[PDB]
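For reference, the chain that follows is the form deposited without the RNA, supplied as structure tokens.
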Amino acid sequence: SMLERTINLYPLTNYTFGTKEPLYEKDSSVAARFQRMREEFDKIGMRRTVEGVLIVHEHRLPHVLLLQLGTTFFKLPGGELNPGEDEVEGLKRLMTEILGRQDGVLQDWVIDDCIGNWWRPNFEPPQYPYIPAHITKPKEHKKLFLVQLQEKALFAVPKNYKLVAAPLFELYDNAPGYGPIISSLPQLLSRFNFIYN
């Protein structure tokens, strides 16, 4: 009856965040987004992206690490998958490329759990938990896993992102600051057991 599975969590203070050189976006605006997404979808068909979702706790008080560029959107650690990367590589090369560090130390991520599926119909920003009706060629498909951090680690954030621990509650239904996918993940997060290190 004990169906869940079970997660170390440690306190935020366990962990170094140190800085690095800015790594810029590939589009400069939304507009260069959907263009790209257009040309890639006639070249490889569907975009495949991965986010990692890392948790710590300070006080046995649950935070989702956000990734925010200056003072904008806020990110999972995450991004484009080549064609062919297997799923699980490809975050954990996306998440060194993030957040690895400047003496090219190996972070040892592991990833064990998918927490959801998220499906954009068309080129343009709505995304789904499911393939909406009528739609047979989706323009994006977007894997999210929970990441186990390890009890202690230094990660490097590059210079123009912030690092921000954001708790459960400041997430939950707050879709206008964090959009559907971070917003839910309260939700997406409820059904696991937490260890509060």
The other form holds:
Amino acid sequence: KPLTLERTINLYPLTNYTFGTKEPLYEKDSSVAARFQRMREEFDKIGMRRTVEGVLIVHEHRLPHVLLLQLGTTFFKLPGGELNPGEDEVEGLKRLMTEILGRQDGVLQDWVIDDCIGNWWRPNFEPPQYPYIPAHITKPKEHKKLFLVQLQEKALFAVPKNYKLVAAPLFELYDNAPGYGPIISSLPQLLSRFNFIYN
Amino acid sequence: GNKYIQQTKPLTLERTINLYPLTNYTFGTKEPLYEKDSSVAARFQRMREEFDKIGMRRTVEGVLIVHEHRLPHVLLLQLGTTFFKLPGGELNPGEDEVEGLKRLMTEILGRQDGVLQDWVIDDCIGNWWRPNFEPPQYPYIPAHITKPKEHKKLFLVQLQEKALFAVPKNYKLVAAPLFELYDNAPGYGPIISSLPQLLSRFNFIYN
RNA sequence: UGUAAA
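For comparison with the form deposited without the RNA, please write out the form solved in complex with the RNA.
So here's everything in the complex, that chain up top.
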């Protein structure tokens, strides 16, 4: 069978991974309004924002869990961020993953990113995003591309102090846009096609 | 010699798919295809009996996509006013999923022409599991469910540039824009309404 | 899912 028809992915116990911390790494925007202001500034000058995010998966008791960065108590995001202009998507994601999650011991982590799982577009300088370019939207302000990041068997991660890292089970995310937004809450669907091996 | 350049990105990273105007396709009518069950009560009754003699039900469904003015539409079957379903149905025990789907596709939409109807089915887009003898299905196997009652598999069916389809007289055919499925999720159920999310990874060529 | 710990 083609990898196109069946895609097999190895998951490892959450306990295969040890998590340390590093110095805080704050977002470039300090508020929602600031975020859209900078989105506006840069659109004018570089064009559509290109964002990439990684979906790292571990299992617990043969159950897939997605790793999420928690900010405060009520906000969660996938590890990722903004591509520099002209930057390659996967190369850019590896860069961003190391920045946010890379161990500190000089041992450089090797990210395996071979799978695109989805795409979301932001038509305006506003919160709504859609898994398709909406009708007659010729100039989307942001394009967000999600990848499956296959974790090695064991790894060491370093979480900037300002974040917590959590492993959310799929049932927690499914049907829970009010808690995770439409992008994170539909990862269970986006991941369903994959043939997961537990270990 | 000459190097014939193919797509650089792996197929796992970039899946390119040709879509064609809905106007490229011819639609006709054929003999009605009645559902094997007469009522919800009958449905889960027959499902219970079969689980005992055949094991877990295995369903396959196909997602056929066309475009109108460069917006993707999924082809849906509508029964009466109240029910949308993807073309597909039940595998026989042991039947290959993809061969089964082609069988079912041909049966529900196949042209009664005498012309070869060939389906291109190279992509799995998702899996849904029914943990009890009840309607609810999940895009994952829930905790503590070792014996799901049904496994449903979704496939992307690539259409040729032109094709003829015959629709069973008792069904209507609908091309549903992705924004409809997404903006009005309640109307299509959890499987069809999350098709825009499941299709988003594809690089659709418009023609 | 948003800045109250962030």
